[PDB]
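> The residues making up each chain are set out below.
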Amino acid sequence: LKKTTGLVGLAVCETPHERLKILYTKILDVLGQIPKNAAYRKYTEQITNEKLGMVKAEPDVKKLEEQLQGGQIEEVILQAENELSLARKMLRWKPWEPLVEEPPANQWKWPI
Amino acid sequence: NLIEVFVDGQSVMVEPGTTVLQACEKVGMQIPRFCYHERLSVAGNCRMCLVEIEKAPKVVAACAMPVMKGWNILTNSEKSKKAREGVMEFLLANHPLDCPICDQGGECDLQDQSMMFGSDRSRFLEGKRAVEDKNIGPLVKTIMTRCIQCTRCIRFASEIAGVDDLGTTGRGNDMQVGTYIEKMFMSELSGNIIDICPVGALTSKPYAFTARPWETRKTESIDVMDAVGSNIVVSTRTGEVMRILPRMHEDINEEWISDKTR
Amino acid sequence: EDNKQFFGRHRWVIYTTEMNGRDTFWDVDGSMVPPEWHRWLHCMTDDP
Amino acid sequence: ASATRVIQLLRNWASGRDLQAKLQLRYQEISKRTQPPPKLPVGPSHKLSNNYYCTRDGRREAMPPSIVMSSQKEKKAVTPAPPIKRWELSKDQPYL
Amino acid sequence: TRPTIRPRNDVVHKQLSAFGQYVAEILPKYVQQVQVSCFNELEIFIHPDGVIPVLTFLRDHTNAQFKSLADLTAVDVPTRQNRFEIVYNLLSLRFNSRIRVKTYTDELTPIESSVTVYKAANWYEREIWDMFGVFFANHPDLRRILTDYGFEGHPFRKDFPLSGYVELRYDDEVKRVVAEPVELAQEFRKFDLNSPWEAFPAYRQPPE
Amino acid sequence: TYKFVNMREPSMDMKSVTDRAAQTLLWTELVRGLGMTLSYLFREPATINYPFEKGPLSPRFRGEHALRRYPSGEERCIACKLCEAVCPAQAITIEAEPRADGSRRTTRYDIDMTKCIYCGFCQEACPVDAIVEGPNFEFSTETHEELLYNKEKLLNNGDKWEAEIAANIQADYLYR
Amino acid sequence: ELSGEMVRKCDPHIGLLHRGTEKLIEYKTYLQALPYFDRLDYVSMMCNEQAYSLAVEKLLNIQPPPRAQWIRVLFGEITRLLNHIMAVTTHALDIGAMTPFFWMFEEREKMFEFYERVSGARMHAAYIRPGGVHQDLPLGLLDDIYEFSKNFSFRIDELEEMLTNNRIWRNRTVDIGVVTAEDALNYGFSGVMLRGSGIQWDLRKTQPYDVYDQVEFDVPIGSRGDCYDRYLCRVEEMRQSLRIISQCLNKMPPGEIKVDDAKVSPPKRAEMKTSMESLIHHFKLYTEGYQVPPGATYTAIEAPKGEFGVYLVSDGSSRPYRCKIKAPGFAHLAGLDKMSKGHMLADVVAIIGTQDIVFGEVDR
Amino acid sequence: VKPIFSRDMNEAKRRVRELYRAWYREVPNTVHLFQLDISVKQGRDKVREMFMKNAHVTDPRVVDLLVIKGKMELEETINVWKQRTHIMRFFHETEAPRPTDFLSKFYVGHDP
Amino acid sequence: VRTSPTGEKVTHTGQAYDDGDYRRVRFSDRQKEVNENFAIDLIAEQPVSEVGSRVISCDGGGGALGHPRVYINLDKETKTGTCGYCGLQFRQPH
Amino acid sequence: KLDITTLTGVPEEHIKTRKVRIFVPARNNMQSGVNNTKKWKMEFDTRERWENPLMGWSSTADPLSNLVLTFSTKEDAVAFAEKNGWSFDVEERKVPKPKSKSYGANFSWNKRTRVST
Ligand code: SF4
Ligand code: SF4
Ligand code: SF4
Ligand code: FES
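Protein chains in written order, with the entry's author numbering: chain N, 5 to 116; chain G, 30 to 291; chain K, 50 to 97; chain M, 2 to 74, 91 to 113; chain D, 43 to 250; chain H, 37 to 212; chain C, 106 to 469; chain Q, 43 to 154; chain F, 29 to 122; chain J, 58 to 174.
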């Protein structure tokens, strides 16, 4: 058990595997409500499933950190919480819908 | 009977007899030039208009080559750029290092075309030529050492002014433009040779040394000396009129102004 | 010149008491240094 | 410096270091103000042949940005780049 | 070989292009165009309504962890109807990459504030409002920074003259520093430096 | 790649605890700082005796602008206005007319030392080495107007400082 | 807003030094625009010059010659030493130390002498330019830099002796201005401000710009995110800058100091005086300047006070269309209010010192 | 068209009324705090003139934006962010009167 | 350096304040800074070099320390060739 | 009917009393290049410039003396002027009319186009 994460404001999580499993499961549950053809759903499900499989497979925190390549595992759980929040807001925003409006005729022309 | 030609792969329809340079203008590409003035006749002596046509071994002068159907004009091919660099080097081999003191400095086609289509260094390791200056009048200050024998002045004097007093004397690198005798070039449109000259070989004597192009503020106006109504650009610096330059209006004055207006 | 002193004090000038019709016994200024000696004084050159 | 031995000993003991070895003031160790004339080398482009500017024209080789997607007309998830590798503690002095 | 010319890194180009397509697929509602510059910089073009959604997406790890707002600024191009081009620069420390998000606005159309997502855009949006005329809706405190307390015009706007319209001096009559119309002793000399010949044929706009 | 400042754990042995208690009670670290200050007291001061002693400068120093002449005495500047163009603060105002001899010379050359930023441009731009920032730096004035130099003032400065300026250019002309 | 000596609310008003730099840049050519960046951060002029040079080079698709790059990294580290000296010493002065100010400012005078020898200006030089460096190092300078660096370690050690372990100095800074790593990231902090909190990010390693990939140095990382940890980081960064300076002194390459392209870097004086092409290019470069291909870029460097960025957009002309300067002090001063909560006036002074804020950068 | 704060001209007028109220009641406090030598009536008359300057506006968004600017200026005046110089800048005391009849303009200078 | 009727020292540019001009007040208790050395006189004093080649080159002396090298044509016997920068005069012998 | 005049902060005199000229700049007749004639330009009316008593430098009181703007099309410039409430004059673009060039004509057997030299 590491004394400190090394980054101020981030505390060592006593039960990292369980926290990660719970967060990834909640992320998958939220993604389920997103329509099936939404690219966000597909990509997030892919990543979340890969992360969850790695978490379940590896019982050692250091080996799991090496495999995930997400930094220290506390950073991983913070990232998972961020993903959960993003998904929850994505459900409201519905970005998978078509473009709201085409830009004006020459709104992105440079040089003028 | 518009025919189809391609400039860098872009189809452009041009009337028969159109020069390659004109098709490049049609697609927007401005072929570098030193001897071609649309008002004047074609001469083909600058050689800066050498461009490569696809599947053609020899580059051609855009100003003097009528287009052929199906030709693809490669305006930025390696052959075209190399020809431009070589022509620019030959032009600058003997040209004097007069840019700081040349009145043309800052508005010189030679300078800009060297910066854009020429090499950035000189391989000329020999002495440069020098030419005795000719006196052609009280208006045109002449430094012939800077001349590039573009022949614009000669053709202009012959065709527009109608005074056949300017010509080329000698052959080879010793060829010199100017009256063989001490005659003075007198005409209403005499001052326009100053404008037509790409280099500062022919410059305005009253305007000499007074100001540099970037300083001047340009105001578009109309002349009042005659009832022709020639469009002019009044060049003013620090609230003082420095010179009067012609402004193009195809209906009224093509690109010329009278000596009195100028 | 005293090369033993550390750099910045190895060279110094004692201004004249009278220059260009001005009594400079007490009032001295850096501009009093002539240009030839200026470069030696300011270490621009090592040759006096 | 010109300090007496007694003052050198006192200052060194007060510092805990040998100040005489490293003196902040500069002495004859400084480079001479007058230097032999220099001869700066030429660059790669100073050649008399095979030096056409077209080959070495950097500016003209720039191009307008390539448009990956334009609104006006499974796949593996991707990242902007491979994840950063964790830094390694310095061998010379891991802890200051 | 070719010492003068800058070396090109195609791997980063491909990675940025692929990630740009990723972002385009994930949020087609807001993205209008994504482009990768040949100096390996990725720009995503977004409808003004998408500033908060797309930025929030970029911050949170959908394989993207841009958690630092490099800088926020605007570019005023008068020709376009939406004369202001709001520019966001983001940096992802996890992936050691940076991408740019760009949106447009008018003088009269507000754009949602990004203080919620990043919290570093407070002063940046305040500066945009003070210099450019862009108003950010829902900003915690929108007021002027870098301009005088009574400044009226919006500088950096390509319409504001460099010297401005007012000048300050001390007046002994009123014992106060007083503004006055600008009256330069030496008018700033406008130099017309652009050459009449085209420099870069690659960027030649169509003749139209 | 990275080093940890701090991140050190004090020893809990009785000797180390006694040492730290001694430091707190007996003010050891304060005494060390005091000793450092004492040593600096006994070290030689670095002050130079200005104005009698002057600070070192290199030949490339950028100071008061000075118009130079040819050895013949003719003024070098040839009214190219290149300096006015590069001037990043527009402190150079140049007016020229053909002089009686017919040469291209400057009727007006004003350098507003109140707007100039002493960038070193012009000195590196002038094709004839005319304007060359001189070694002089102590040219403060009691009025603003004295700092608005004129062509006469610039030429007088060049005549005054030419002996040093030529030597400095000779020293540095190979590096340029 | 102070209740007793406690700051309830800290509201920074800036613009007292706003000089419209970005507006003025639009009216100047790039070479004319270079001197502003020296002024932007008066303590770290050459670093800003290098950032602008990288921006213009990247837009130009031109690569500086290797010797120019090594000179740039050497003087960048010299500039970092100067800036850190000023930051640490003035922070100490503001909290009352006062003596290290003079001690280290003597070394600052010597580094200014190095600046003067290369460029002729003690500060705000135009040495680092797009396309490389203006002039090669005068003969004998590198060994003088060696003489300075071999003794600078004793000076910085003496500064540590005065401050690092002092009870008063620790009490003034041990826990003031604490910033959470996530809060630091969100508020846009950069440089020590991030590294003090413990996040490991240095643009010199993560995204090396010139030759920092070829040098070895250790990024100092803090553990408690306080003023004292930032002080420790700044001091260590100075030590690592000395190490980088040694490396750069040993392996300086021979050759050109500016790009061998006369359409971007001006030709040599002899060449412009003897060859027509060189004179033409000199004339156009010092009158019109070099046209930059149209485009936009944000180029960032690890400036001594943090991340310094220039958002430069070009319209294809010889004058930039828009130039936005990212000053690392801007975000730090923005977060000053968050840092100051629950602290006293003197702690506010200390926090202002720890965020190395130069208001030329902040106001632009 | 997206409304800034008001969907109609009437709502913008209501906001203008509020802003006017606030300025009106603030004026005496401004006179007292800044030690201005003007009377309260004089300041309020200047306020009225400034408000009538923008009266010709016939677009709700422009009115809303002007109201925002007015609110910012009022916040500056309520605090001591603006100095006495800034407050008196409304009263163009130093500037000499500029005559508006044609004959005076013709005499004075070339200005149209 | 001639003296104007007002007593002012006329400049090499020819600048002198007229008696009507009020700007002469600026020198009331101060001095008008005039450079005594006049370029035109000094350039006139220089002897005309005689060179036996039709075209000659003037660098202004000092090589890189002078002015850009230009080539002057000396064919005309009537008038001596004059350097654009240096102003020195050359002519062919006889 | 967009009006930003109140929001710009420009003083009323320059809003009302200034005539702005919308045009494509004519080619500098000294040069044959045409690249500087491809974008519309907005320029304000010229005003008084006088000599400074001290140095003779040209002094101005017109803030917009040096203000020039580039617009891709005439309509964009017109819209900008209208939104800013500046009286505008539009000069139609002048294009070189197509010319018929024949190098053969220089050696006409019977026509007058024959060139003496
Ligand atoms: S005419 Fe010749 S000397 Fe004059 S500016 Fe042009 S290239 Fe230079
Ligand atoms: S004098 Fe001028 S116009 Fe006549 S041929 Fe020579 S360069 Fe051409
Ligand atoms: S040093 Fe001063 S006078 Fe010379 S170019 Fe720079 S700003 Fe202008
Ligand atoms: S001008 Fe075109 S070939 Fe010479």
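Just so you know, these hints were derived from the structure itself, not from any lab.
Please note that a few of the clues may not be correct.
Cβ-to-Cβ under 7 Å is the rule here; a few derived chain C residues that face chain D [unchecked claim]:
hint: 1; residue: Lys163
hint: 2; residue: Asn166
hint: 3; residue: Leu290
hint: 4; residue: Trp306
hint: 5; residue: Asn355
hint: 6; residue: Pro358
hint: 7; residue: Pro359
hint: 8; residue: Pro399
hint: 9; residue: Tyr403
hint: 10; residue: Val418
Quick reminder that beta carbons are idealized off the backbone N, C-alpha and C, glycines included.
> Go through the hint on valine 418(C) and say holds or violated, using the shortest Cβ distance to chain D against 7 Å.
Where the cut-off is 7 Å and the nearest Cβ of chain D is about 6 Å from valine 418(C), the hint holds.
> For the hint on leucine 290(C), just tell me whether its beta-carbon gets within less than 7 Å of chain D.
holds (5 Å)
> Does the CB of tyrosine 403(C) sit less than 7 Å away from some CB of chain D?
Since the shortest Cβ distance to chain D is 5 Å, the answer is holds.
> Would you settle whether the hint for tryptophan 306(C) is holds or violated, based on the nearest Cβ-Cβ distance to chain D being less than 7 Å?
Holds. Min distance 5 Å.
> Quick check on the hint: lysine 163(C) CB to chain D CB, less than 7 Å?
This interface hint holds because 5 Å falls under the 7 Å limit.
> Closer than 7 Å between Cβ atoms is the bar; does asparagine 355(C) clear it against chain D? Give me holds or violated.
violated (23 Å)
> Less than 7 Å between beta-carbons is the criterion; does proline 359(C) satisfy it with respect to chain D?
With a minimum Cβ separation of about 14 Å from chain D (threshold 7 Å), the hint on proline 359(C) is violated.
> Using the nearest Cβ pair, does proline 358(C) come within less than 7 Å of chain D?
violated (12 Å)
> Go through the hint on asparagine 166(C) and say holds or violated, using the shortest Cβ distance to chain D against 7 Å.
Nearest chain D Cβ about 5 Å off; hint holds.
> Take the shortest C-beta to C-beta distance between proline 399(C) and chain D; is it under 7 Å?
At about 6 Å, which falls below the 7 Å cut-off, the nearest Cβ of chain D leaves the hint on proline 399(C) intact, so it holds.
Of the numbered hints stated above, those contradicted by the structure are hints 5, 6 and 7, listed in ascending order.
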